[PDB]
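Given next, in structure tokens, is a single chain: the form deposited in one PDB entry.
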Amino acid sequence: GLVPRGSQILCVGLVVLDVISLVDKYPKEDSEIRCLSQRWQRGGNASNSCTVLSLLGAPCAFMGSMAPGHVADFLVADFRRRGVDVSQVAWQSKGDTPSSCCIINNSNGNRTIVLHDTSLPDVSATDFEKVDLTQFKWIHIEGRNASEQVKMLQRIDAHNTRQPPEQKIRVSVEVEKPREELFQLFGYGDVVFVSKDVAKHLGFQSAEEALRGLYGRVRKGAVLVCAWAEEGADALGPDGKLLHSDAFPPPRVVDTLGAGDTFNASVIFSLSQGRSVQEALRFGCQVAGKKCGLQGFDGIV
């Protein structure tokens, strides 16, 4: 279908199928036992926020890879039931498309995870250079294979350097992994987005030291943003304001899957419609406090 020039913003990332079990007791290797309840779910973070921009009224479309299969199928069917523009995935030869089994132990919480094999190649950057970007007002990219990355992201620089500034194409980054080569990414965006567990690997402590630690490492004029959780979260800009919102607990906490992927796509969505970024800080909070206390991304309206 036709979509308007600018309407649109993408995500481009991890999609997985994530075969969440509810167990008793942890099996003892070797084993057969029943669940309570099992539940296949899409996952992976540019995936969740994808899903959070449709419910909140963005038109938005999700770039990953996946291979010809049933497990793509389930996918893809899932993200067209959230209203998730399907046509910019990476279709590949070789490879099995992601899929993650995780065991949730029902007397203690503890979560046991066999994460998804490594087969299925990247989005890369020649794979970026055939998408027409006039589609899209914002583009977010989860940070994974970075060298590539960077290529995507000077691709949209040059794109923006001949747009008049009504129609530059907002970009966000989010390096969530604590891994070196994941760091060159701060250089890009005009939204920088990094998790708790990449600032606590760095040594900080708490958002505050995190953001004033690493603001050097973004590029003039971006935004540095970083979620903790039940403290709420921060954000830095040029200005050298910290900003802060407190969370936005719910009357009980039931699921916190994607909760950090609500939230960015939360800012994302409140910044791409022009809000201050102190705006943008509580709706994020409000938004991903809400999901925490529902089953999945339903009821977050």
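Positions refer to the first chain, counted from 1. Only the largest set of C-alpha atoms that superpose within 1.5 Å between the two forms is called the rigid core. First, how it differs from the form deposited in another entry.
The one residue among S147, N108, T161, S87 whose Cα position changes by 2 Å or more between the two forms, with the core held fixed by superposition, is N108.
Taking 2 Å as the criterion, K28 counts as shifted between the two forms: its C-alpha moves by at least this amount when the rigid core is aligned. After superposition on the rigid core, the Cα atom of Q38 is displaced by 2 Å or more between the two forms.
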Contents of the next structure:
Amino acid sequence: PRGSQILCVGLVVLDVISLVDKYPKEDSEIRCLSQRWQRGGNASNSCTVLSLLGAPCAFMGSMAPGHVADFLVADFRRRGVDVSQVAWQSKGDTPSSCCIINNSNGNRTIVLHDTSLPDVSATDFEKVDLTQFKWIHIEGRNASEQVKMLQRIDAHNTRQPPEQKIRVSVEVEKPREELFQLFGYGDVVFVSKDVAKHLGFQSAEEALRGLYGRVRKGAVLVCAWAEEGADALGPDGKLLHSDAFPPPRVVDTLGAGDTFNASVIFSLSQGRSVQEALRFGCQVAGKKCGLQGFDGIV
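If the structure you just shared is the form deposited in one PDB entry, then what does the corresponding form deposited in another entry look like?
Keep in mind that what follows is only the chain, not its partners or any molecules around it.
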């Protein structure tokens, strides 16, 4: 535990999954093919992927003590994911969602139950021993609070040898304008196709060109575009692309996004080029889209 772990900060959510033949028409009744529970949320799913990739990692997000959280915790621990930094709440419930996964094309429809659960705070983050970590990934959410956490990492970085920087990634996944300030932080910034489209952009290339001016100097902006693979753009101005690796049957895309991000991070943290990390990201996400859940992606 000396700059050896990856940390992801974001949501952990109980995903109550129904696998169906066809997405139900409104006001109809359909019998699902199979049912399961999955530990979800973005940062949490990334830890699943990191752990399967063999990277020691740690999750940090809010949970309320409970049966739900007990299942989540057992799950994390079964994966060897570090929960030591979890910010336990005494107020609110563990969030949960119903996910209907369409077995015929892998589409996933998520009915999210937002609880009270208050977010991980600057002050929570204050308590964290940054020295454990080589890489810290932040799922954009409570921006102002996270901006301070990023400020904290910058701080700790300035006072360390180049050999001992903590690399930082950020994801701006959700269309809300609160998050747009997050583009300014981190060595790697992941911007979702949803965010990109919601800002008027029609492809990864366009989005990268359109938004690069918002990242910080030296940063790599990354934009995955579902079956069209993923693109990246660094300080050299050269657009990089990877085709997708679609499985012959796409059966489950829940967590595809997070699988790509974790795989990109893992690859970069292993010292691979951005081009190689973009391909690996698309490769692992493609493998994942052909399987239910996350086992067997490697």
